[PDB]
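Take a look at this single chain, the form deposited without the ligand, given in structure tokens.
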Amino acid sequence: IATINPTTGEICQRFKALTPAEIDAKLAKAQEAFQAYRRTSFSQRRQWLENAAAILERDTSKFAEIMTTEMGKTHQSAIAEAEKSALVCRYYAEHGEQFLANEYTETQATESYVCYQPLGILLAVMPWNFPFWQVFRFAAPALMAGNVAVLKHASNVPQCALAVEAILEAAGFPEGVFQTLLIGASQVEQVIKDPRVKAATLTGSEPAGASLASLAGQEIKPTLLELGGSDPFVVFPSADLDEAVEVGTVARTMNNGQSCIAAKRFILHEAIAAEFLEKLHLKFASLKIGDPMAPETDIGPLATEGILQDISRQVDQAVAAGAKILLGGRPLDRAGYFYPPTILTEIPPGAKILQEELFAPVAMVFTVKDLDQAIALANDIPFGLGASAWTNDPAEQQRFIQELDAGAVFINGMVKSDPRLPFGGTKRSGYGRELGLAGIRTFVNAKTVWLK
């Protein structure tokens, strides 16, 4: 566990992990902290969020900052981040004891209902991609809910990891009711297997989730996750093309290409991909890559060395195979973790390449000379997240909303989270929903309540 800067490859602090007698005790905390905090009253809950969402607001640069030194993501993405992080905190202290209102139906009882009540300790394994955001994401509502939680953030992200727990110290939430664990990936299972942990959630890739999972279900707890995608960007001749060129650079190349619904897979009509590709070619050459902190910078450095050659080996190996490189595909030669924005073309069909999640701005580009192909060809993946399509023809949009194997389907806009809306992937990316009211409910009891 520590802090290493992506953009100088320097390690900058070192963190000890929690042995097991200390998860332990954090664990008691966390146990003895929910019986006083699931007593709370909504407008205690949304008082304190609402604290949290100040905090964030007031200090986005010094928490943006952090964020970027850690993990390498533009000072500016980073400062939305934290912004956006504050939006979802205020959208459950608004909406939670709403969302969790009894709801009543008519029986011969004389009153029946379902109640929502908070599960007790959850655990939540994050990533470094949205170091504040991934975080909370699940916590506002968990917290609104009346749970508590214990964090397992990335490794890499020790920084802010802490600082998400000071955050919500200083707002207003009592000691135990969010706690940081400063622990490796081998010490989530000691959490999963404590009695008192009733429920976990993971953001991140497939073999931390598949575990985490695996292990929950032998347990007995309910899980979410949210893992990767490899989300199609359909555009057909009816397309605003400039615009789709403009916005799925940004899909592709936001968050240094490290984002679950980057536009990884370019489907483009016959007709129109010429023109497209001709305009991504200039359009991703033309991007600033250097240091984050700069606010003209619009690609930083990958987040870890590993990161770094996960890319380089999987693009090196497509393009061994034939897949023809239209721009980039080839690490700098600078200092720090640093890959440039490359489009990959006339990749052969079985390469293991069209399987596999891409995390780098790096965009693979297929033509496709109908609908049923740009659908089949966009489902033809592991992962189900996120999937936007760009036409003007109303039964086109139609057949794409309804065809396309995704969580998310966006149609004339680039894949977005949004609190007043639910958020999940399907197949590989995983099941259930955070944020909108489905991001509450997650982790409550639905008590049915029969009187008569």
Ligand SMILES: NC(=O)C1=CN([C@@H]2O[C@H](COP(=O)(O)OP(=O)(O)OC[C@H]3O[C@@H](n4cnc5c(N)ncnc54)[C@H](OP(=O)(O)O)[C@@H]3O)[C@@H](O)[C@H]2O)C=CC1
Contents of the next structure:
Number of protein chains: 2
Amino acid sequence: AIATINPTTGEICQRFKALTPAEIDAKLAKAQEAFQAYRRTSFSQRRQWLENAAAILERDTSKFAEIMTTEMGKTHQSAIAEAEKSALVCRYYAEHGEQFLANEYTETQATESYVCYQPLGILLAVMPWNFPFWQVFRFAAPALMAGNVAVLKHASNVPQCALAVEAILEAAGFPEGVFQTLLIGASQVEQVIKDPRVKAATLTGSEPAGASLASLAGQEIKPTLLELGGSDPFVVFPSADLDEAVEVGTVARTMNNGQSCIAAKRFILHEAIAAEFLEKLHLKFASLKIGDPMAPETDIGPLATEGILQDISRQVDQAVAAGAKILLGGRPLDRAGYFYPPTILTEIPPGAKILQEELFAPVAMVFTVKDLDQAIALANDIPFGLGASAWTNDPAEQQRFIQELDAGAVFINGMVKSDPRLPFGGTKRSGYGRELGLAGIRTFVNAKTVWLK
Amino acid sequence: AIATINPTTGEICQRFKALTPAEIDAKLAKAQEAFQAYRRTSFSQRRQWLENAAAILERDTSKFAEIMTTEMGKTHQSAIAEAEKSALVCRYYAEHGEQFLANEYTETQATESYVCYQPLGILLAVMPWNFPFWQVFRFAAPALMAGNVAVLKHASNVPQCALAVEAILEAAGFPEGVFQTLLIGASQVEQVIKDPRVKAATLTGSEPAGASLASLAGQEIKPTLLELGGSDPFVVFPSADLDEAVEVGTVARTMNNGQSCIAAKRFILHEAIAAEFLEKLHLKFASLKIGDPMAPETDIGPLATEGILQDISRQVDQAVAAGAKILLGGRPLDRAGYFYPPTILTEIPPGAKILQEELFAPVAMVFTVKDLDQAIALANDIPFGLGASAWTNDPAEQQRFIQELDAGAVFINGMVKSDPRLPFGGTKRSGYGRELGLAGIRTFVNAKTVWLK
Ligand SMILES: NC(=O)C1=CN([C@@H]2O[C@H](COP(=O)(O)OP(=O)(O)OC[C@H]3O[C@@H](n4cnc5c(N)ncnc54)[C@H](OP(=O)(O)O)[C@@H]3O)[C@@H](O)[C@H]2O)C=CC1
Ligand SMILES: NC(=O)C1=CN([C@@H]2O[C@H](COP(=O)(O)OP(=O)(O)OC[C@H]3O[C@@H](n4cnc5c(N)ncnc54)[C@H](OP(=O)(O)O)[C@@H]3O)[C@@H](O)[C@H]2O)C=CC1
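Switch from the form deposited without the ligand, shown above, to the form deposited with the ligand bound and output its structure.
Expanding to the full complex; the earlier chain stays at the top.
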């Protein structure tokens, strides 16, 4: 159901009525009318409204963070960072969007020949609960700067976040119908994708959700962008700064209570450093503070939902039954709220299903390898291909990791992070298309070739 | 069935056995092995092989053209041009591909941060009979320059063309498995899209074919590019060079026996010049030479298949029964082969079904409008959105047409043409994604973000 259920206490706080198909239709009609006027606005107006939205996010950061924490359990401090990052991407496209969409001229026999960039129309965004502000602003800032309008189907467990994003954009000055939150369930999305006024769609979330949306959009001849999770490797080689790698690796696995597409999920350790690294990782994980995410000292809040908790509990239980060893954690906490402790699994047997799954919780799989070829093969031995992190100060190793890791992003001597300045997206079953950077504003526009005699 | 059936005579010339699923699987296994080595080739090698392919096309142009004309009925002269254009796109990506794929650096706190471009792997291309060389080389040249490998499912009526393309690429030096023609039917494509080694797919053709491929690819989380039909407007306003517009419009509608996605299909005439333009168009169409496409004097050969002939015959018959008037032509010729004459329809009743359909034959629909707003509204009143041509020497009108015509390409005072130097693709039900230019080589690559501390 569409509801705020606080994952720290399990309390149902507020329920929301889903829109009916007629109500969805009315919102799409309004979006179409809004688009016809909005496509004619100047970049100066769009820039003003985007910068206003950034300023709202920058002023009321703590309030917005409290909504996120209440609904989905990420620490209030990380939710503050998320609101700040949302403001950053608004400012990024305010500052660069017009330039990024300017005519590009190519010399031909024409007096004038160029490509110009024009909005498609209504874009559908289907978004997940894990970064309930950032994922939305990541899409919405370039969408709106480009002159598109947007309808958001957010996750059913973050309705207050979804409503707050629309309220921010209204307060910023964006005209009515330019951005609309649809309080609707997963079964209601098909109507939106099939509506002739809706021109494109993006989804961030699970593979089954992405497959459903993309198959439907494909049938309707509509372009998509998908970002669908990962099982990113975190490779540590003998020339690495081991203490930095342990600290950063701990953050990479456990940030957002582990619920990140680009969490470090599989630690691949060269045998020369594996014992030292693993012992340090074990101790670092054991010192993490688990508790109320509203408290500034908390490292690990609850998982977002009972379902996520049930999923990881089963995944771990099955791996252990198959022969995997629990170095730390491995069982849900006996307390109120959907709490699962930082966990480290080792000696996972070959062929165990968990090797191919995404662990959306603070649960690290650990492996040892003997050389560069083995590290790369293991790193790539997954259906996903989102991010990858590798730690080494040998230039030849650095170049091989960069070249041969099958991922949309490769970070050397740092954790994978998204950044408005650089494109971001997956390969393989992690999806396709790129958000952020120039790519983010070029994805859902008509690149119109113009030739004038 | 997979066969050469000469559309000039109706004679079945050669039949081909379709691959079995096991044979398809073997070809995909070989493509995967080939990709593992081919992705490691230098741009110099890829460039050499692409330039070799161009040189083969440039030398044996008449022979390749004869294959096209025999299988699908386009004039030998236009097939010569098609082989030349195929060579041109090979040279374009040989000359620019490396530059187009070079690292793009972005300043951050990283010592090094950039995007690099790497091939995805096996690409499936599903191609149509209407430009049986050019459509293939348009995709294959950038695919191969980027380090991808490709499997081609060509139309069932151009098997000799399909085999010839593979033979050209073998003779050029491309390693075995880098490009493979699959002699398979439409029902066999699902196996290819669902194969885990196949990473992306492109289709040019009809909407139902595109919807099938894209829906399947979406379910498998695989990116696509679609170029489907169009019903492109050809708008003529009072300041136009009328005689040039008539000459060029006649070519635009009747080239390739009318069977082009970017044919001028709907002539939209300002009332001030409509009588003169229509009379001149009538005269030009009336004296086009219909006959054997191997003869150098022939303008119009047969349509490619009995099915295409049946389709246009029915479309025109229904429009006329509804009240449309035949100014010229309007029924299949009484002779051997799938011949349909240049045809002009006027006074088409509002709500007539034909107004929304693609006429893939040399059949012009003609309309009269009173002003700029009416021209734009009528031009856009279709499900398609591929190309658009407008004729005016008023700068304000030119800019409004460029801005407001809902198409992937807008040509002012010339006919729409694809050109390797400029991206090419549709909007609305005409598809999405861009081939040619920079876009063509960026579509099916992993844009990998790299960050080095
Ligand atoms: N890439 C990422 O960042 C994320 C990945 N995931 C992965 O997915 C797993 C399960 O999480 P879960 O919360 O169930 O993720 P979902 O994929 O179910 O949710 C993501 C979004 O998709 C919507 N959705 C779900 N099914 C469909 C459908 N058939 N058509 C249209 N929209 C749909 C959801 O709506 P509703 O809430 O109404 O069901 C939500 O808005 C996680 O453990 C993680 O592995 C999940 C979240 C973030
Ligand atoms: N955009 C363009 O340039 C073209 C558009 N068209 C439009 O389509 C109309 C019909 O022409 P037609 O020859 O039937 O075109 P199709 O769309 O049937 O054929 C195009 C290609 O798609 C293949 N194909 C067809 N159905 C499927 C499917 N379900 N899955 C995978 N591949 C498939 C065909 O294979 P096979 O031959 O084995 O069926 C062929 O290789 C034309 O009148 C024109 O309007 C057609 C050709 C060119």
